[PDB]
Amino acid sequence: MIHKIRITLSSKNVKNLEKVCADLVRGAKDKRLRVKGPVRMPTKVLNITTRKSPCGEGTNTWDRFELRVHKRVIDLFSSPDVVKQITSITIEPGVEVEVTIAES
Amino acid sequence: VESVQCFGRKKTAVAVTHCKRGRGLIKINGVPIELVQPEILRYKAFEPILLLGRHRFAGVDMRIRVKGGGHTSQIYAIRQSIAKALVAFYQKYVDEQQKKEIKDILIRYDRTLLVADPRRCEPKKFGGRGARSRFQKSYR
Amino acid sequence: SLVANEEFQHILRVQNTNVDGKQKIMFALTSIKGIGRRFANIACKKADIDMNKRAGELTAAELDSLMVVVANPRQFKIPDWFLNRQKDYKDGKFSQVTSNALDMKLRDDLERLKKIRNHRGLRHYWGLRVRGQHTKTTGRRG
Amino acid sequence: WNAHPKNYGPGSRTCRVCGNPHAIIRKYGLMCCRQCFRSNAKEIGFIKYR
Amino acid sequence: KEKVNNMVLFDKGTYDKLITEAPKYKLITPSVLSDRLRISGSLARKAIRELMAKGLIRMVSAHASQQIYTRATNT
Amino acid sequence: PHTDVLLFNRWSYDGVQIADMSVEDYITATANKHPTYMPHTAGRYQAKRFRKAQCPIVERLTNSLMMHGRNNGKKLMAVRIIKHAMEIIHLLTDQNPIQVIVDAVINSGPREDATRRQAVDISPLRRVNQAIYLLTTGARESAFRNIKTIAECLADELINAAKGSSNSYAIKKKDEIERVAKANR
Amino acid sequence: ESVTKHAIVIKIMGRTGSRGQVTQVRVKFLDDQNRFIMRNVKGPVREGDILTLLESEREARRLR
Amino acid sequence: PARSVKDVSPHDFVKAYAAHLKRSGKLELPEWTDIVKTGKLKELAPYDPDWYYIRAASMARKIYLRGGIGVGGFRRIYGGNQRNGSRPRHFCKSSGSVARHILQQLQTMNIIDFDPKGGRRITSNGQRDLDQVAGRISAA
RNA sequence: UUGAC
RNA sequence: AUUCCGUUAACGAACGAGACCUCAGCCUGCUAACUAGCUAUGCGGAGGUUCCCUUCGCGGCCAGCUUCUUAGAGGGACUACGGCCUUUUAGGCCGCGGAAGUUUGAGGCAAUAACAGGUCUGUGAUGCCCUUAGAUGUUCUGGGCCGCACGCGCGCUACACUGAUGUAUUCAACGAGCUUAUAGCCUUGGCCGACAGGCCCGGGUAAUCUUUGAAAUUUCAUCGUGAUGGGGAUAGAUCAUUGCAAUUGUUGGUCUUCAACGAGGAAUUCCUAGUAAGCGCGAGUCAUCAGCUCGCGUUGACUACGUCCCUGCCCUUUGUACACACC
RNA sequence: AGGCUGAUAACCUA
Ligand SMILES: [K+]
Ligand SMILES: [K+]
Ligand SMILES: [K+]
Ligand SMILES: [K+]
Ligand SMILES: [K+]
Ligand SMILES: [K+]
Ligand SMILES: [K+]
Ligand SMILES: [Mg+2]
Ligand SMILES: [Mg+2]
Ligand SMILES: [Mg+2]
Ligand SMILES: [Mg+2]
Ligand SMILES: [Mg+2]
Ligand SMILES: [Mg+2]
Ligand SMILES: [Mg+2]
Ligand SMILES: [Mg+2]
Ligand SMILES: [Mg+2]
Ligand SMILES: [Mg+2]
Ligand SMILES: [Mg+2]
Ligand SMILES: [Mg+2]
Ligand SMILES: [Mg+2]
Ligand SMILES: [Zn+2]
Numbered sequence: 020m021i022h023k024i025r026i027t028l029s030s031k032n033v034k035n036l037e038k039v040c041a042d043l044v045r046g047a048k049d050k051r052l053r054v055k056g057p058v059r060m061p062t063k064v065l066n067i068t069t070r071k072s073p074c075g076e077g078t079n080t081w082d083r084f085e086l087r088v089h090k091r092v093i094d095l096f097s098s099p100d101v102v103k104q105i106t107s108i109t110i111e112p113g114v115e116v117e118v119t120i121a122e123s
Numbered sequence: 008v009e010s011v012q013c014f015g016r017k018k019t020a021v022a023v024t025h026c027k028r029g030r031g032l033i034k035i036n037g038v039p040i041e042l043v044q045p046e047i048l049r050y051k052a053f054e055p056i057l058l059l060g061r062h063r064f065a066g067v068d069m070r071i072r073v074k075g076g077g078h079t080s081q082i083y084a085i086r087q088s089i090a091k092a093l094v095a096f097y098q099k100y101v102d103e104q105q106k107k108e109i110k111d112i113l114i115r116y117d118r119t120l121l122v123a124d125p126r127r128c129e130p131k132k133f134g135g136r137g138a139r140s141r142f143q144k145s146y147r
Numbered sequence: 002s003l004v005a006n007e008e009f010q011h012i013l014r015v016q017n018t019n020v021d022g023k024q025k026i027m028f029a030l031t032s033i034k035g036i037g038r039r040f041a042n043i044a045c046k047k048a049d050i051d052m053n054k055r056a057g058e059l060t061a062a063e064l065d066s067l068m069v070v071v072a073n074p075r076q077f078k079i080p081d082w083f084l085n086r087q088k089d090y091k092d093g094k095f096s097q098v099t100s101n102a103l104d105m106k107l108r109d110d111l112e113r114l115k116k117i118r119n120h121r122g123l124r125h126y127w128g129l130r131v132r133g134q135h136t137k138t139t140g141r142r143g
Numbered sequence: 007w008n009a010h011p012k013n014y015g016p017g018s019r020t021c022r023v024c025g026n027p028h029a030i031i032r033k034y035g036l037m038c039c040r041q042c043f044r045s046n047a048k049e050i051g052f053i054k055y056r
Numbered sequence: 034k035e036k037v038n039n040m041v042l043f044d045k046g047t048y049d050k051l052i053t054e055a056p057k058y059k060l061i062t063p064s065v066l067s068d069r070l071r072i073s074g075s076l077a078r079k080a081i082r083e084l085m086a087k088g089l090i091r092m093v094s095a096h097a098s099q100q101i102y103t104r105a106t107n108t
Numbered sequence: 019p020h021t022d023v024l025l026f027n028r029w030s031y032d033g034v035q036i037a038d039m040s041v042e043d044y045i046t047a048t049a050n051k052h053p054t055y056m057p058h059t060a061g062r063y064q065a066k067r068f069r070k071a072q073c074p075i076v077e078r079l080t081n082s083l084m085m086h087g088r089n090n091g092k093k094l095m096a097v098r099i100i101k102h103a104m105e106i107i108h109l110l111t112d113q114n115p116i117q118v119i120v121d122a123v124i125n126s127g128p129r130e131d132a133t134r143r144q145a146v147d148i149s150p151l152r153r154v155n156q157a158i159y160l161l162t163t164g165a166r167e168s169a170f171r172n173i174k175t176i177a178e179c180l181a182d183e184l185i186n187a188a189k190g191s192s193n194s195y196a197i198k199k200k201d202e203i204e205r206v207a208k209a210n211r
Numbered sequence: 002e003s004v005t006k007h008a009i010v011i012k013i014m015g016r017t018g019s020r021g022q023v024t025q026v027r028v029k030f031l032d033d034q035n036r037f038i039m040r041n042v043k044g045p046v047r048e049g050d051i052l053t054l055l056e057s058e059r060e061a062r063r064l065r
Numbered sequence: 003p004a005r006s007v008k009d010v011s012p013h014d015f016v017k018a019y020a021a022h023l024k025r026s027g028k029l030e031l032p033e034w035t036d037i038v039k040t041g042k043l044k045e046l047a048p049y050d051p052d053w054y055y056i057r058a059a060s061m062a063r064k065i066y067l068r069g070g071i072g073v074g075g076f077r078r079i080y081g082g083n084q085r086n087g088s089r090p091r092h093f094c095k096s097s098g099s100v101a102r103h104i105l106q107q108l109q110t111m112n113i114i115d116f117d118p119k120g121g122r123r124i125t126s127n128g129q130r131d132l133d134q135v136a137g138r139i140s141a142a
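Going line by line, the protein sequences match chains A, B, C, D, E, F, G and H.
Read in full-length UniProt numbering, the first sequence has 88 at position 69, and its numbers run on one by one without any break.
Read in full-length UniProt numbering, the second sequence has 104 at position 97, and its numbers run on one by one without any break.
Read in full-length UniProt numbering, the third sequence has 93 at position 92, and its numbers run on one by one without any break.
Read in full-length UniProt numbering, the fourth sequence has 34 at position 28, and its numbers run on one by one without any break.
Read in full-length UniProt numbering, the fifth sequence has 81 at position 48, and its numbers run on one by one without any break.
Taking full-length UniProt numbering, I'd label the letters of the sixth sequence as residues 19 to 134, 143 to 211.
Read in full-length UniProt numbering, the seventh sequence has 55 at position 54, and its numbers run on one by one without any break.
Read in full-length UniProt numbering, the eighth sequence has 135 at position 133, and its numbers run on one by one without any break.
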């Protein structure tokens, strides 16, 4: 009857990601569901380092470009229909929500 | 369960000593500390025991796990975790005055026995191969 | 340790080469062209020669058994991939060529390429590099 | 006409923005030349911190 | 600069010198014997083992890079 | 005073004395001034001026052995070399190797120099720095392209320097430095 | 003739020399503590530490 | 005390256990023992005549300490720096035939077996054999 | 007068 | 620091500097983790003396917990405190304590006015000019861009014993990874092979799998001052891999060949602490190819704590026949 | 021939 449902959140914006995570945990604590998380995975730092000059003249200066990806994992012990109800709330822009039935 | 778990750090090396009530065992990742490698750094790892004396460790069992860093920095992390674990054990399960005595001995000998070294590797900057070192400059 | 007896020799002669008698036997054989440290070591093992002794301590019979191994590697089960002349151009045979035979083999390789006016043969004839190296800046000795 | 294979090498790949074949950034599947990427870096989401 | 000519095997004269004089040295190492007896370091290493077997010299330090020995009995 | 700390757990700091007023406060080799079990401390001695005078003299010798470039940062080898050298010093001299090391440092430090050129005095700290540099430079030069090992060369350099004999490389250089200084008075 | 003497540094006058490599100091002789002179010193020096003077007759000119 | 593998010096143990494997006469050395090197990173063949037994003893001690190591893992363990003439040194793997042959021999001796998750695992008999040898080493 | 020297 | 205190025919402001933002350093405090662990416990293996002790393996979303790992929120340093020096100043030196007492470290960002500095070969940015079908468009085949008496710049490897070689031993961090087609990416495990490499079963679109993840170093032995087992250029033979294609050697192996070089003239570069140097690793390029670049960690120093001598820079006074500005 | 100089002369080295 009760299953461990895994919700994964990804975003470049920490504040928006943390806001949605709190809305889900707090939205599940209202239904008295058992909640595991949020678990914060290590931040993925995509990095592109490139020559600033469009030509090859001058001092060789470099731009270090970083695109950070933050990932959260929340496990809810409940039925899929109940979880579908909690996650159906409008989510902040740029936060990618992904609901899967944990294979355990 | 009178046990403590204290860590020590040196660069990227982290050693955690699990100190419990026992009979004097001291092992690093299952190996007796008398077999610490390299053998010439064995003196550094034994300084807490040499300074305080084995009779202070007769009533504890220390099991140490160490990860990261390198051969030299792991010894310093282990050396620091042992000293901290014994101090944390005396404070919590023996007495405050005995903790005061041993901590004075450790500090008078070396402050890095209890206080970690904050130094880390400086990042490399473009235009050279080191943090400071620059590429050789030619004019003609 | 041990004292040298009167049989100890300071200079040996193998395949028209001077072999130093004060060298360990494994490294005394490397003075012969075509015999390197890898082949000298395997030759001593197939000849049952103690490699812990100096070349001058070996008897005349022992020194000869080493050259029998070098001359008939396949008989002693030295594999084909271990030889410096594998699948010869003319005969197709596998062998270890040493001393003047090695020098003759190198001469025949270059003469064959030069005779057919092969590009590699021509660059050997002109004294240029043959293995694709840039020549603009290095190898300046003329 | 266009018979030569174009399965690998610089000739097969071009900048997705400008079509130039040089200095392509293939990391993460960007497929942009280094000049176009620097122009569009902020819009793509890359940022300079240090 | 002249080249050293270190013997690779002992002769009767030098071997007897090793058995009589070397036991009296305060410091015995392969390089000490190699220089005093004009023997190669390889021969000196074997010679020190023989002196150890005979009990003429005792060990002070053992390291793959540096070996230190001394006379078994002082003076 | 007395201490239970023994260098390498072999050599006692008791009885070690620095019999020179000028450099006494810049050589750390006595029982009262922070004796150490090993000459390997990940110390931070360059944070401030005159701070390396607290570094043990045996470890200052160990650091100067990490030359040239091929040997940079190989401090475990350097500690071994000094460990072996002190064992050799005890055999040859029948003296405390720590005492011999401080005597070599005291004797090999130049006390006058030329600058600009006229004669000037040398501060006690630079005198210790020069002594350490001269002792390790002589040992390094005699070991290079030689059957003799670095530990044996270091021991002979220290034994001669501690004795004041001119056979030492560091004693000859100190005389040369003080001979030129006198010529430019 | 020159007689070696020991003197203690009293005050640091200031760094001198073309490249600032010298320091001028005021020193008090230990044998006779009522005699003061000025000396040029090479190397790091601070008030209190002792110096060895191969000859004690010379004196350095101020701001030499 | 009662010493096991971890309680004795690894250098002493490998010498003792190598002399134990050779003494049993159960390992069947291949034809190419005297010819091969232990990887392309090497210049010469091993100096020790009994290098095969020494390597087998070393590989048994590592399977005892950690299960799941395969042939590829052992190629890395005995790999090292390869010199490339005038070019910089880089890491190189060691021989797979030497590792595979030794593992297949220790398995017929019933010192190791196939780990279900992959690689090789020490057996109960293997644990006894290694532990008994370590107990007989003289205290040094 | 401002700069540059 | 045009940073401030003050002076003061100026007053009040605007930029730059600072603030700031990112990473690193402290938190046994908060939040909470089966993609991270620890401790305890249960069962099992081995050793020692049935309990007990040591060690290893496995299990438990109902053992417990968050020290270690991860990452959110906060806290923490302000020179706060002491001594002395400075004008009541602004501030400086030394010191306790403290993770930290150089704006704590390192970066990112970064004014006015300029240069006939570089780029039309990054651009479906672009004026004018040239060419436009026996084309300067486009594509295909082949060659060249690498061609070698010589001069120069960045580097790599060395001249050895503080070493090379052969064993034994052993500890990182940043990061990167697939269309599933039999299978195109990173690859574990098994088998075949001396190596190179091949076959098979698989894992991983990833804190889950590769990743159980380096070298220098440590250790024992051999070598023994000999261009030597230092050095590995040049060259012969042969095998395999990438590719439509390897010759002018793509690269990777095996045996053999075994040059200069014994520490470098005038001159000259970089660098003040986890820095220099040494040591390897990832990433970019990439079918194949790293002696390069951008990052990462590991080992870890000497010397200074100054000066304006050299090369330059900033401000003031001053001279000027210079203003294309002392070339 | 190299170095020194933005460059030439002078100067320095081989
Ligand atoms: K050429
Ligand atoms: K290895
Ligand atoms: K058990
Ligand atoms: K443009
Ligand atoms: K145009
Ligand atoms: K481009
Ligand atoms: K070669
Ligand atoms: Mg030969
Ligand atoms: Mg070419
Ligand atoms: Mg925590
Ligand atoms: Mg904070
Ligand atoms: Mg500006
Ligand atoms: Mg122009
Ligand atoms: Mg070109
Ligand atoms: Mg460059
Ligand atoms: Mg070699
Ligand atoms: Mg590891
Ligand atoms: Mg040679
Ligand atoms: Mg190419
Ligand atoms: Mg390039
Ligand atoms: Zn583009």
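In case anyone wonders, no lab produced these hints; they're calculated from the structure.
Backbone N, C-alpha and C fix where the C-beta goes; we use that ideal spot for every residue, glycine too.
One or more of the hints may lead you astray.
[Stated by the list, open to error] Sample of chain B residues lacking proximity to chain H, with all beta carbon distances greater than 12 Å (derived): (1) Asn-36; (2) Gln-44; (3) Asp-68.
[What the hints assert, rightly or not] DSS-like mimics (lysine-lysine), calculated; alpha carbons at most 27 Å apart, straight line: (4) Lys-131/B - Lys-92/F; (5) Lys-28/H - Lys-78/C; (6) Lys-90/A - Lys-54/D; (7) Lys-46/C - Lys-34/C; (8) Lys-208/F - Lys-12/G; (9) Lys-88/C - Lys-39/H; (10) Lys-31/A - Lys-12/D; (11) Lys-24/H - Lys-54/C; (12) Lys-23/C - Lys-59/E; (13) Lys-189/F - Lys-57/E; (14) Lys-132/B - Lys-71/A; (15) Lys-44/H - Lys-46/C; (16) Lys-71/A - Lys-23/A; (17) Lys-95/H - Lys-17/H; (18) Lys-25/C - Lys-79/E; (19) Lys-51/F - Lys-93/F.
Exercise. Within 27 Å, alpha carbon to alpha carbon, are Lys-23/C and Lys-59/E?
Worked result: With Cα atoms ~30 Å apart, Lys-23/C and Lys-59/E exceed 27 Å; violated.
Exercise. Taken at face value, is the distance from the CA of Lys-93/F to the CA of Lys-51/F at most 27 Å?
Worked result: It holds: about 23 Å lies between the C-alpha atoms, which stays within 27 Å.
Problem set entry | Distance restraint between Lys-31/A and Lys-12/D, which requires alpha-carbon spacing of 27 Å or less | Judged against 27 Å, a Cα distance of about 37 Å means the pair is violated.
For this session: Verify the proposed pairing of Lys-208/F with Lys-12/G, using a straight-line Cα cut of 27 Å.
Result: holds, 26 Å
Exercise. Is the Cβ of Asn-36/B farther than 12 Å from every Cβ of chain H?
Worked result: Nearest chain H Cβ is 8 Å from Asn-36/B, so the label is violated.
Problem set entry | 27 Å limit on alpha-carbon distance, applied to hinted pair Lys-132/B and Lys-71/A | holds, 15 Å
For this session: Would you assess whether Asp-68/B, listed as outside the interface, keeps its beta-carbon beyond 12 Å of every beta-carbon in chain H?
Result: holds, 14 Å
Problem set entry | Hint consistency between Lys-189/F and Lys-57/E [alpha-carbon to alpha-carbon, up to 27 Å] | Measuring from Cα to Cα gives roughly 23 Å; hence the hint holds.
Exercise. Does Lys-46/C pair with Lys-34/C here, judged by a C-alpha cut-off of 27 Å?
Worked result: Holds, because 19 Å separates the two Cα atoms, which is no more than 27 Å.
Exercise. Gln-44/B clear of chain H by more than 12 Å, beta carbon to beta carbon?
Worked result: violated, 9 Å
Exercise. When you check the alpha-carbon spacing of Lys-24/H and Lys-54/C, does it fall within 27 Å?
Worked result: Given that 27 Å is the threshold and the Cα spacing comes to 26 Å, the pair holds.
Exercise. Is the hinted pair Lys-95/H and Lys-17/H satisfied, with a Cα-Cα distance of at most 27 Å?
Worked result: holds, 24 Å
Consistency note: the structure conflicts with the earlier hints numbered 1, 2, 10, 12 and 16.
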